[PDB]
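This document opens with one chain alone, in structure tokens, the form solved without its partner chain.
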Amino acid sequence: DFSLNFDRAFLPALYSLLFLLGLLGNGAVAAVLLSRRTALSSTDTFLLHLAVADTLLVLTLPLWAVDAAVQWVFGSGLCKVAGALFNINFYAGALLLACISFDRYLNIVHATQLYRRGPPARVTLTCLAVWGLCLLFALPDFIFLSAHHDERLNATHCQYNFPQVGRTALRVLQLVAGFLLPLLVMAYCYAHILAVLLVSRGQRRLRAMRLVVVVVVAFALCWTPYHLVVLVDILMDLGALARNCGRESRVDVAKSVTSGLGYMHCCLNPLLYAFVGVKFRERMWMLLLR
């Protein structure tokens, strides 16, 4: 019962603070961006969509906190709705970070082949593609997610009724599409950005390099701890390890803590991609004056 009590005494407050801070940060980013009368640049649009995704993901948190505390008490319909929202927004966030990195790489590395004389380079096509792909990936949540009434704990939670092979397949898709592909795209793009910036000439390059390194390190540190534990759980399930109660409890608590840390990244997104740029701070100041 150690894992259950730890969840009870630790998830409510953490998710409450995440909810407050995410609603106050990503909402502020969204408002600052939507306050713009003129056009919005490519990275501005991607940041807007990222802010919306993070807002929804944090919005669904308190229901999950209640789930951890006592039990699901909203029926299966809200189980399905919340799960779909969660997965859609998580995948959207990952792919939007990858798209932001690719846009930065295109603008800085291939700087002389994409030059434009101050037009709006509309990028809504990729945003629609991202959202459609996220819906396609979340379909299984729409299909399977239900609220089983456990006869072992007498509880009632939002869990999948997949077959075991299905659970492993969904875990593998999570790992591949949410972590590995975004991480590789980010790594390539930002390594090339650094390679270009080290051989550039200016005084603004230093902050750019530091920001790039911080962004990559933040993503890696925040998300690796959870995906590594997910890989350990896959290894256990496929027979690569021996099951026991103590290991089960360790895995459960580790998953809880690592997931908390991971959603802390969607909490921190405003502090890295939005508030550090002079453009966004100027827009924020203008808005607050208004």
The other form holds:
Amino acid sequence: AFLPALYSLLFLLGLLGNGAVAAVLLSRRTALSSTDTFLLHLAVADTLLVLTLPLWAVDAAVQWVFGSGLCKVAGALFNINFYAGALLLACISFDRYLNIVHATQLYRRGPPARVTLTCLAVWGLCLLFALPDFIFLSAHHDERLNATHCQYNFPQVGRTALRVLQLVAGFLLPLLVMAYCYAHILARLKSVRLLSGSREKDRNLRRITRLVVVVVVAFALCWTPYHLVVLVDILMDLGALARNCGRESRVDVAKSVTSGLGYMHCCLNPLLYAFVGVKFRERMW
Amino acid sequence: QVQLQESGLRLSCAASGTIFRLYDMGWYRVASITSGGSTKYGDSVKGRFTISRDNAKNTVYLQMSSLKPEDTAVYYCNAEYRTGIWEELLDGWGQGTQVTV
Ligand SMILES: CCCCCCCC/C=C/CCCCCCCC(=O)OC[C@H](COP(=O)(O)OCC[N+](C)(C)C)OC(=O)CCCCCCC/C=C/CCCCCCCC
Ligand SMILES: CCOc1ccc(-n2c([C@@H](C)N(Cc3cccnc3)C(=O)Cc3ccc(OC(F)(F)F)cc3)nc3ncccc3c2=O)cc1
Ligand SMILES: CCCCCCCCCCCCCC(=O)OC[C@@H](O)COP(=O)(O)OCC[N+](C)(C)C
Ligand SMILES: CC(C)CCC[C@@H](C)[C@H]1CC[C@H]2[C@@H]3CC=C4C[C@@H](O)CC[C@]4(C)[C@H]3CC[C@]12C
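Switching conditions: you have the form solved without its partner chain, so give me the form solved in complex with its partner chain.
Every component of the complex follows; first up is the chain already shown.
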């Protein structure tokens, strides 16, 4: 009964952390910056995912006695978490790149509606990548396993296509945007006497960029291994490397551990935000 | 922090410590050379002095010729530097030098 205890502990820790972050952020409403709104949406996604942990805690001891709509919602939330995180991080990185390099501000002089509608757009575009998860993921009942685990029903031919779509889009595209934007930020920031036209704004911009880059590094480090495992599964399905049972019993536990890391990131984010951002705790308590 | 030690008729100012980059240098009592090599002087100086920079050793020099009694003063070296890539640009002064004729 180690897994239910661990799931409950993570549920409590993540709930407390993300609730505190969201409460302190919404306390000073109608005065947030673009990065503050993006981090608020990341916190919303993280708390929305960690809100499903007690269901898996119950499933770890007793079978999945929950129905099918709950299963669909849980799978959709798990996928939406790592879709929205990557896309919102790419948006914030592009904003930082523009501000550092071209000295142009989109979300500052423009209305807050400019960032509100891009947040709505990324939310909708993430829902429209998890619609296939809604179409599938019913609760089954297999032989030799007297349980109702959550699995997929659609044909194996479609599994490869969906996996390729998820991997390609939600890993390659944000990764390319990240690499380009951050390479240019580092090039234009390691050799400049004074960003903008003053010094206080220079150091403020440096601090904000440092916070953004540490958040991005944490997210990438937590979520990359799962995508590597999915890539390995995709290649072994096509025929590049063999489907030996000794190569399947290992990718199963690899998937389990990497999904656990993806779940732990949702509670790792707020304490990282508070420790590095000491000023955040100053305005919190 | 970092230090800035001067010398004694040639003025050589050096910097040492944990510096990510040096940006500006000069002498005060009038002459300032940037990191790119551009040199600036006062509007009343018609090329009497000359300033050169050696970025490899992080040293700034000041060459003075045709000295006059009106130049007898105390001269301090100044430098701008950043201690890290994420840090703030800040400047430090030197102890100073005394010219006795
Ligand atoms: C060559 C560029 C031309 C255009 C390239 C087009 C795309 C090429 C494909 C890229 C592959 C090569 C990778 C290296 C490229 C150089 C740029 C770079 O190297 O950047 C990229 C990194 C890594 O990409 P990613 O992690 O976003 O993956 C995203 C994955 N997904 C979506 C799951 C989060 O992106 C980062 O942010 C790295 C930031 C950290 C590295 C610099 C640190 C400088 C400061 C040192 C101390 C900093 C202390 C605080 C930081 C915490 C400790 C490090
Ligand atoms: C800390 C929470 O960790 C979880 C929570 C849920 C799942 N999860 C699972 C569970 C049952 N799952 C299989 C799985 C399927 C697809 C992707 N990832 C994992 C596990 O391997 C559970 C597990 C976790 C950690 C483990 O450590 C270890 F040390 F004991 F090995 C062992 C097992 N199924 C799902 N089905 C459909 C849709 C979503 C899920 C969904 O999210 C996996 C992790
Ligand atoms: C005013 C209408 C803007 C609607 C939103 C436009 C598209 C936003 C979503 C695009 C997501 C693409 C995936 C990705 O990684 O994007 C990285 C960047 O392209 C993000 O661009 P953004 O900064 O969101 O684009 C700003 C849009 N502007 C320029 C019209 C304000
Ligand atoms: C499969 C389902 C559960 C995925 C998630 C759908 C719901 C819960 C999502 C989709 C759009 C989201 C909203 C998008 C934008 C905002 C504005 C922000 O200032 C506060 C959060 C808020 C109000 C979000 C709350 C959660 C939300 C309503």
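Residue numbers count along the first chain shown, from 1. The term rigid core refers to the maximal set of C-alpha atoms that superpose within 1.5 Å between the two forms.
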> Core aligned, does the CA of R122 move at least 2 Å between the two forms?
Replying inline: yes
> Does superposing the core leave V216 with a CA shift of 2 Å or more between the two forms?
Replying inline: yes
> Is there a C-alpha shift of 2 Å or more at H265 between the two forms once the rigid core is superposed?
Replying inline: yes
> By how many angstrom is the CA atom of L184 displaced between the two forms after fitting on the core?
Replying inline: 0.8
